[PDB]
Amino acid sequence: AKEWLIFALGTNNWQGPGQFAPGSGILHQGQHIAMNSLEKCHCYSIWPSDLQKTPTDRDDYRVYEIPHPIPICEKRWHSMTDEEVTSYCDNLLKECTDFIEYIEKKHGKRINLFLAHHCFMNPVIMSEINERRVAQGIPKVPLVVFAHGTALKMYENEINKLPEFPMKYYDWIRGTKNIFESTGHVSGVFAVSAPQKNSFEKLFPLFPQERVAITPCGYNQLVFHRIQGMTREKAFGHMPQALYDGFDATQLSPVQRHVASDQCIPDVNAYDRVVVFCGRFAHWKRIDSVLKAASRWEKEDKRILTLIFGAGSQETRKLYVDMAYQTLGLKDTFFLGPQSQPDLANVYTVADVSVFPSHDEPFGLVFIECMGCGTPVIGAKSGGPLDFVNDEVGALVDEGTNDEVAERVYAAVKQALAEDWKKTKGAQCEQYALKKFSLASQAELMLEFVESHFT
């Protein structure tokens, strides 16, 4: 058996006390846990944060501690001075090489896999680290990149001459750094979705297409599984409503009066059924389709409680909250903000069905997590859900306008509740997620693929 000693350079913070993570940070964290699960495999990770700190009680990860928010492709990279970019990158490279030295000394073994998130500075840094090694007569270590899509969109914006994307990185990464111009620097790319594989190949046409594959994505079954004895009061009854700053609670109708900043949902046990959404408040998630669906079913006085989890900017929180309460007249729908993964597992455990009606969801971890807890799922016929949602575990509604998708979600929820998909499909959902998408199984497949294709 091959012994793996892996070093993984992440772009985003992990989810921890005091700071939620974006989906690409969740994915890195999960991959870390997964690879460390495997016999004969250690994985060591570094990632940036302005809020979280390197732990002093454990050695498996470090934090690149920075005094400003993490730079994003689309605080933008383009907004930084060339000096700031250089120092950010130089300092990160230095912290990477110090960690690598620690690992190699501790194990008496060289690292034999470099993982880098996104198609920008992380592969640049790791490629440079390899150059310095080969210059001392040490073998380069294979470098595998995770294409999440944001660096790719930034390059496309640069090429398309969008405001705020004056051309700076794409030409450099091709013509100076040559990162994806052969396999001399990068051994393989995993993309989260087919659209990202397509986009990568167009931008980097000298990279072998056969070395770009779809990332085998997994969920954390240790957290997301059916939580025995969970109740609605335990799961979400102590969760304060999260609206937006300056929300005016006087502008509510009599039946809306339970909606209030920082207050729990009263009498959760009184509702008949529980419908859940979870996702960041990006327009393509179509939270408004969920709200419009509830606008219809709340009139029918089946007491359906709808719970909106996830984070957004103040502007986007204001868009959906006002849409809920002012435009749509909702009264049994509540915003609970972002929540920890174990909190979400409790919620999914007691939910009747979850609705995630995204347009072109890249993969859809939320789906797998929810199914992992024994709960059926409703999506739209687009993106990654097309591959894994089937009749045994939920439903995908036909694509269309936000309004059409809303009506179709309404019909699908009505079906789910009428037919009791929680009861008839729930066991299926959990068995299917576990079998197909558990973290460790996926990481085993991922490393097999690395060994056969990228080494």
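Positions refer to the first chain, counted from 1. First, how it differs from the form deposited in another entry.
- When the chain shifts between the two forms, residue 229 and residue 28 travel apart, each with a separate rigid block.
- The interdomain rotation between the two forms, with the chain split into two rigid parts and fitted on C-alpha atoms, amounts to 43°.
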Given for the second form:
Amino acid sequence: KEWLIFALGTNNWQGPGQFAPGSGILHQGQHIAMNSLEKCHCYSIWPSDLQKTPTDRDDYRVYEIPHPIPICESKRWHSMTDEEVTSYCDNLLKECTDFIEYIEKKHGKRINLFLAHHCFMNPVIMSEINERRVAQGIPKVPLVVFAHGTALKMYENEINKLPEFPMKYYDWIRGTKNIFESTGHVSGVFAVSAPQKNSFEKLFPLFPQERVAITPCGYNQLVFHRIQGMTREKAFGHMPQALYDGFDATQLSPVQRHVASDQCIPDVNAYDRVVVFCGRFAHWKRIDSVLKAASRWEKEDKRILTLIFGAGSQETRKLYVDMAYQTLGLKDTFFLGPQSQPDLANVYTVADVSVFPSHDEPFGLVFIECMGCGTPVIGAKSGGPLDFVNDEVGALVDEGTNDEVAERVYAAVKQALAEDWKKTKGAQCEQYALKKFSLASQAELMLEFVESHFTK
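Form deposited in another entry structure, per the form deposited in one PDB entry context:
Only a single chain is listed, so you will not see partners or other molecules.
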């Protein structure tokens, strides 16, 4: 099977004078990945108001625009005129169709796969290009979509008759254009997580659930890698605490003076070792099992910093913050809420071990993301981690009651710090993540899925 992929990105790649979105830095990693595969050429196109298509290579082109790239939530997509939008999309359409003829003439062969990067406009374009490719007697080429999210929260506010999100597009991609109302336009769709798999499935239900999948699991080794010369302070010293709106800093005992909203941690270099959690504040992450376990080790007078990354509903955020400080006496355990992935790579890079004691973690990307920067991982014998965590990169605790897990986590962090798993396993954690869950393997799994699940 020989692949001639044309991929339509939604954001700008990393470059001179431009950092990348998330969906952009990915398109880029994927572009390299797919091209590195035997029997595979992928051509990408993707917009910027800074960067210019290259002169010394043809694998990609830039869609040069004067304004910043639109957004779904600086330029908003509803904020621009109707005439602004139509053009922005019909200009892009012409660039893509030129590019495609360039490619198809180049290779003496028809493109046999279209990627399109959010659920908005990029699919409509490729879907329109495809109708016309049939107008001339040349097969339409199967089109797969990446549902990262941003364009669906747009569709949800339109439906939720939210403020700045009047109803313009949702009933258009649906009633007027008919993109996800059958397999006649979009052959398949990849979500990153079952949250997104459902967010989409409710929105476009005449789209077969059999044709909405989860991307084969990888991590983005461009982002997640051993970050050179990172410090404690460089990586998270200037990260302000989170907690919750209404956090009464005044009930904190004295020893807990260190805790306070929108206030960085004092004296990062003062703590002997660092221990990291990262994940949505779901109940099954068993955040509570960590704090329980950190409560037992802060009293051991070894200076163990404990960081609690991730985002949570103001109810559940208040739950664990108050469980941590009021209920357990946690003075060396700060909540810094959610963080970008690159900031997180800096954090992992300087962390001694990470603990993600999820019950039935479906796959757990934070496990391999953290390994991809050279630090070991501790988790539980349930779910996705049973298949790739081993004694060489960390540990999985025997499953049990939350209090049971927490005692076992405590046992784990204590051994990991004491045997310096960072030094003794950090090397293999890195070479292991990069080998088995690089964008290169995820690309290979993905094209392979697409062949047998989306070629009707």
